Amino acid sequence: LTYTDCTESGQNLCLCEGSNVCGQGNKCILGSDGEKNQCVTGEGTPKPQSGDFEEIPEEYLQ
Amino acid sequence: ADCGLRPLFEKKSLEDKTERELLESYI
Amino acid sequence: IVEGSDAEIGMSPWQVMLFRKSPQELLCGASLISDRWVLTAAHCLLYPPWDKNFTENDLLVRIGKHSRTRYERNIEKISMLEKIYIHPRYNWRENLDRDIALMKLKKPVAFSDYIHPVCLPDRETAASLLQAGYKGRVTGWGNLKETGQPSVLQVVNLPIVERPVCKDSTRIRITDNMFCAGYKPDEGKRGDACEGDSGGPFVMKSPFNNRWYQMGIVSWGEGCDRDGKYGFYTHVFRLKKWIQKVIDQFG
Ligand code: NA
Ligand code: NI
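Residue numbers (our numbering), protein chains in the order written: chain A, 15 to 76; chain B, 56 to 82; chain C, 615 to 865.
Here chain A stands alone, though its shape is the one from the complex:
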């Protein structure tokens, strides 16, 4: 599980203040340009998880 940069205000389970995860029970308020992010108490929504693959034989699929 890699936590990555929060991409919108109200997310959590993402990197908010520098390289620090903004955890459950908190939410990230994104800074505009020249502003810093803040991890504050709140009801966050987890940042959504972030091919290509050759199809495998049908027998493996049931």
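Keep in mind that the hints are not guaranteed to be accurate.
Unchecked claim - To be clear about the criterion: a stretch of chain A counts as covered by chain C if any three or more of its residues have a C-beta under 8 angstroms from a C-beta of chain C, and this derived list gives those stretches: (1) 42 to 52; (2) 63 to 73.
What the hints assert, rightly or not - Restraint-style ranges between C-beta atoms, simulated for each label pair: (3) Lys72/B / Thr21/A: 32 to 42 angstroms; (4) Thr55/A / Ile623/C: 47 to 57 angstroms; (5) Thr55/A / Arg75/B: 19 to 29 angstroms; (6) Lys50/A / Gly865/C: 44 to 54 angstroms; (7) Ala741/C / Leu44/A: 42 to 52 angstroms; (8) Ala56/B / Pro62/A: 25 to 35 angstroms.
Rather than coming from a laboratory, the hints here were simulated on the basis of the structure.
The beta carbon of each residue, even a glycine, is placed where N, CA and C say it ideally should be.
Since the structure of chain A is provided, determine the placement of chains B and C with the ligands on it from the hints.
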């Protein structure tokens, strides 16, 4: 029985390209 | 795997790829620990914040692989699962403590040049090998950078980091069921696991009996390969009693 011994390496007395970096760290 | 290289054919024959049946995609890495048992991270199977709660019918394991995307006919083996066991004290709400799960194959697999189990450490192995500065090896088909994907299995060697340095590196609470690895910012070498490498093995070679032992499971990280930050691994030896009791009861 032989867990941890790789058929293409240890079982043929062959080393992989970077294994020696690991062993060198144990000194 | 960030800052690694292509694996040699057969260099990690316990490497397993966890694979979703529908849609068909890579989910996580795992390891082959016997002819019928695969070890992975619990968060690869159960992670409520992402509405993830895979059942045995949702998943396949692929063993003996090198190419990330090819169907490697007559080389890889694709296995269905009989059952999944997650550690009962797995803590997804706070810090992924006890991030460990076992998956039992429907049928035992034959070993081959490309498929062979890794050892699990015992008391003596853990004491000898789990020390700061000793390097282990991580493999996987995960992202090549934090923000892309490899054509073939990747490998990177990383040193174990002293427990105080791991703790100072993060505000997340670290337990004795975790260890961290990676180079320090001064060290002129870098590298890390990354998304998609999760669940995969952190292994070390015994200088006493030439065998490979799985000391950790790729667990979690704040970013991938960032300066001053380190990868966290499940401490396999610490959780070995649970592993043993699952296999003894359900094997
Ligand atoms: Na780092
Ligand atoms: Ni064998």
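Status of each hint after checking the structure:
Only when three residues or more bring their CB closer than 8 angstroms to a CB of chain C does the claim for the region 42 to 52 of chain A stand; here the count is 0, and the claim is violated. Interface restraint, the region 63 to 73 of chain A with chain C: holds (9 residues with C-beta to C-beta distance below 8 angstroms; minimum three). Roughly 39 angstroms separates the CB atoms of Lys72/B and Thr21/A, a value that falls within the hinted 32 to 42 angstroms. With their beta carbons about 52 angstroms apart, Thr55/A and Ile623/C fall inside the hinted range of 47 to 57 angstroms.
About 51 angstroms separates the C-beta atoms of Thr55/A and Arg75/B, a value inconsistent with the hinted range of 19 to 29 angstroms. Against the hinted window of 44 to 54 angstroms, the Cβ-Cβ separation of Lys50/A and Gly865/C comes to about 53 angstroms, which satisfies the hint. Look at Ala741/C against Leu44/A: about 46 angstroms separates their beta carbons, and that is inside 42 to 52 angstroms. The hint said 25 to 35 angstroms for the Cβ distance between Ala56/B and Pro62/A, and at roughly 45 angstroms that hint is violated.
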